[PDB]
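The chain that follows stands alone, in the form deposited in one PDB entry, written as structure tokens.
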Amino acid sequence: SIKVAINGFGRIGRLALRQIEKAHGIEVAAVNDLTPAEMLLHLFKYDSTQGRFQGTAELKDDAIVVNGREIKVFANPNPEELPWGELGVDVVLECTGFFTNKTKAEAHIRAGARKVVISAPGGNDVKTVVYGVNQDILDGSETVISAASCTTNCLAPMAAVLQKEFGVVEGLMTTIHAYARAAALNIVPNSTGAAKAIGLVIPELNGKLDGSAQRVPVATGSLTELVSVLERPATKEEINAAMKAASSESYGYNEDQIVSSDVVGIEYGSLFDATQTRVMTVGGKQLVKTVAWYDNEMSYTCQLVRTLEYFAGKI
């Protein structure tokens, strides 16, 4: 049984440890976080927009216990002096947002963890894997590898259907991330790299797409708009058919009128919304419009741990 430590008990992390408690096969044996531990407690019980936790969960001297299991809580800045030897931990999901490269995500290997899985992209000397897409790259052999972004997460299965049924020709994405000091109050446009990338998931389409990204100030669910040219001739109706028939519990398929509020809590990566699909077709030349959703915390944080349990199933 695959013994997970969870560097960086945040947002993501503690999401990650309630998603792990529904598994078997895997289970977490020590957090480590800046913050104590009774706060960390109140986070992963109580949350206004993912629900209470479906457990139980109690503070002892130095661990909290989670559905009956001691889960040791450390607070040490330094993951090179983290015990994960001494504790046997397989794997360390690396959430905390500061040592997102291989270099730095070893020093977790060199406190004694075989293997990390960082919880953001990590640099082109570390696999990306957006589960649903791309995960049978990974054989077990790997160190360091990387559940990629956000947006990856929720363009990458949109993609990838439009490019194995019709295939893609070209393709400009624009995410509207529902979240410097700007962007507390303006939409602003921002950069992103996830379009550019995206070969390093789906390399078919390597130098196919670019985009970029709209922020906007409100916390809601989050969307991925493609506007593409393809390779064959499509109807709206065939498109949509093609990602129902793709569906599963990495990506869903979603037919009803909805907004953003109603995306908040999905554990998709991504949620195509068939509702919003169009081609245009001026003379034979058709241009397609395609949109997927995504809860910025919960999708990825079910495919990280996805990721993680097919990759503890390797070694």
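Residue numbers count along the first chain shown, from 1. Just so we're on the same page, rigid core means the largest C-alpha set that superposes within 1.5 Å between forms. First, how it differs from the form deposited in another entry.
After superposition on the rigid core, the C-alpha displacement between these two forms reaches 2 Å or more for just one residue among 97, 140, 88, 189, namely 189. In the core-superposed comparison between these two forms, residue 220 has its Cα shifted by at least 2 Å. With the core held fixed between these two forms, residue 275 has its Cα displaced by under 2 Å. Core-superposed comparison between these two forms: the Cα of residue 50 travels less than 2 Å.
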Given for the second form:
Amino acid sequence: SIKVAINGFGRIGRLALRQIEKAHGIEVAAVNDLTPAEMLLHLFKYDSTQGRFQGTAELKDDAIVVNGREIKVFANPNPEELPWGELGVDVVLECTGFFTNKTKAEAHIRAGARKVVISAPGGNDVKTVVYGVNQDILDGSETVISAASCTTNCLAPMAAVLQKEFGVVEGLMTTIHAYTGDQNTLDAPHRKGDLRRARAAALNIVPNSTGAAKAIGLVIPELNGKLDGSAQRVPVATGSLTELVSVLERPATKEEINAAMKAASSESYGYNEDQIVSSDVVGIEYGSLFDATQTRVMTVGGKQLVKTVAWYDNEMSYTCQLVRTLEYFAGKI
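Please supply the coordinates for the form deposited in another entry, as a counterpart to the form deposited in one PDB entry shown previously.
Below you will find a single chain and nothing else.
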């Protein structure tokens, strides 16, 4: 069994534990956060958007017992100091939001873990994997990898189909995204100086940057430098979508685009034809859910603008992609 430690027992970290409990041959030996075990256990059991944990979870001294198995709990904010080698940790899921580059994530390796998966973009010098698009770039010799962002896992399969079947000249993305924990509850100073994330999360449409489109070349080299975009955070607590407006290399119709997406569907990339809304993707296990109902092709003379839209639960969709990537990576190491 591959032993996992979760660093940062937050939204992604706790959902990752839920998904890993369902995965054979991989188990979480430890979690680390900033708080006593009682707090972590409570938040694991009870979840405002993802529902009650559907298993048993009990408290023990400096440990939680999940489905009858003990998971040690630590509270050390500095990863290099954690007893990963001493516990026999194979892979750390780095989910704190504070160690999202190679140099910082490698602290887990100095602590004795064999591998790290960052639950976020990790820079250009770590292999970046959207499961179902480019996991074959891993051979197991990597030490630190990235599972990209939630938006990258939504955008990439949609962009891959467009590039493969039509060719992409260029594109601009907008993700309409659930608010997240990096926004304030009420208007207040923001630690990272972001005047827009400073604002009350559940009261506002909040423009904000995202690198998901700009960095797409790490996942789909044929799209390198061809896409850009940004985000609008809105008052849903989870559930998001990505719109892509593209110029393609050949003419296209709505029906041809939709058929190509359906033909590419998989456990990671779903295909939808129902008139759904964001609450309907909460808890889905696709990394991306293409919505054929929103496809649009604007034609003026010989020039076309193409809109394609995919949903994602930025929490659970990304988490399932993260665990698929971890499982594949763990088979290679």
